[PDB]
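The chain that follows stands alone, in the form deposited in one PDB entry, written as structure tokens.
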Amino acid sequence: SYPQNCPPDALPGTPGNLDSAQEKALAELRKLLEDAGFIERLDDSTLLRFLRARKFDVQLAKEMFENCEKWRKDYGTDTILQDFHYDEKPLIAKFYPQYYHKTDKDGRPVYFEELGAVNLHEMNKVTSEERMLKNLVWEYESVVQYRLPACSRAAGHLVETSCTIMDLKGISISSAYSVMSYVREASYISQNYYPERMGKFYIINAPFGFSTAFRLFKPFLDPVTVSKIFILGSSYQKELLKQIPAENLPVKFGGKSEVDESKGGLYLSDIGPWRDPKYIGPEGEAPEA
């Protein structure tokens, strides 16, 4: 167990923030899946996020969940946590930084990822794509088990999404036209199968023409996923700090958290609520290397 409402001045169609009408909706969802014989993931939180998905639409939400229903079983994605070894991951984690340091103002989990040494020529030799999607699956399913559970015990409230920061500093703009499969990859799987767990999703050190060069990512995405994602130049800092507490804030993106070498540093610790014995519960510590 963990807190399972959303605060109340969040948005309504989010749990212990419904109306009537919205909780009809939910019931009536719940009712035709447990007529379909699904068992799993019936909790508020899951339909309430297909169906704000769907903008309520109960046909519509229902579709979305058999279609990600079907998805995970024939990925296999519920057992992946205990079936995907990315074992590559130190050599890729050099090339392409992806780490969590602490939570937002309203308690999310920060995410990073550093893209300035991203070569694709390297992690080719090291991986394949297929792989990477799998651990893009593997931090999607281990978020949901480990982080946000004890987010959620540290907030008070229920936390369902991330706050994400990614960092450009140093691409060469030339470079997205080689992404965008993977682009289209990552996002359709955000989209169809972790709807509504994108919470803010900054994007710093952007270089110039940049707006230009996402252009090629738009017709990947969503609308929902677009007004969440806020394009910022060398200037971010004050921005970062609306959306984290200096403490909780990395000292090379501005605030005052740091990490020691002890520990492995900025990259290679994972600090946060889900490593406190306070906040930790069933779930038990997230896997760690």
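Take the two forms, superpose them, and find the largest set of C-alpha atoms that agree within 1.5 Å; that set is the rigid core. Numbering follows the first chain given and starts at 1. What changes on going to the form deposited in another entry:
- Once the core is superposed between these two forms, every option in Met123, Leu115, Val144, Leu136 stays below 2 Å in C-alpha shift except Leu115.
- The Cα shift for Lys228 between these two forms, taken after rigid core superposition, is 2 angstroms or larger.
- Remark: with the core as the superposition reference, the CA shift of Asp35 between these two forms stays below 2 Å.
- When the rigid core is held fixed, the Cα atom of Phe208 travels 2 angstroms or more between these two forms.
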The other form holds:
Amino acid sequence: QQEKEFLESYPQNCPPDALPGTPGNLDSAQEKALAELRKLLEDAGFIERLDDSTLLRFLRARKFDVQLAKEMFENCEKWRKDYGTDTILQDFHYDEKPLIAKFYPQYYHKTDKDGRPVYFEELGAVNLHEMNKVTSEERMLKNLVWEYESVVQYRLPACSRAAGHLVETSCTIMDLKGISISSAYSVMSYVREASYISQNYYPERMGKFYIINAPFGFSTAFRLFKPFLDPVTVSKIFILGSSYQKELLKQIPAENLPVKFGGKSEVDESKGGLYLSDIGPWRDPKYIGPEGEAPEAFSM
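Got the form deposited in one PDB entry; could you also share the form deposited in another entry?
Nothing else is written out below except the one chain.
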């Protein structure tokens, strides 16, 4: 089978200091639960996506409850059927991206110190009025699941090879510079849907989340209630104000961080600039495997 060929083409163990329940770091209890859940899925008829990394993501998502995790998996499979996710990399074509990239900037640029692909989202700059001139929110969400499928199929394997260990997760940087109460309400619908797709259909894919240029009240609230979030979440999520450069550089090598966020990585304006760039390990022949090089989101 070619799923066998694929998972053998990149490192499959997480580093030993990763949170427990991750691949390669399983205690006796968890080990039993994993094949127990697998058996049920096999019995239920599933053939696809029954690998350790996948099943453990759902397991870690339901505190290792084998039954709730089966529900989660089944629902996701149903969604993949209805939504058409298994074929989205062929069917969907976001050809309007060049026109609307400035309106809502979203790009993947290199990796962080743990080998995770970095996702940049400049939400603060969002201008939906201009965007809705050319696209719909239905189309914005397809592009989200398209990018997501790109990460799973092409970005994460390449990142795994480039780092020497399994990379299951992305590192998200969300820039609020420019956000207002007006525009906040205007993107709530999209963010809420994206959040639902993320948690329910792509569990445990979020590894680091940085919000930068947060407004004072938002920044403050997090600071005050920090002592009451569980320590696993408090190590994944960072809400930062206007001085985030040193915080980003602890997580992303300066050579991989865009100059505009305080690093050295540059992108030629000849290729459409950073808003249209997709640079990383997934574009390097040394780290591309039997999956082949990933697609590009648009024609040009």
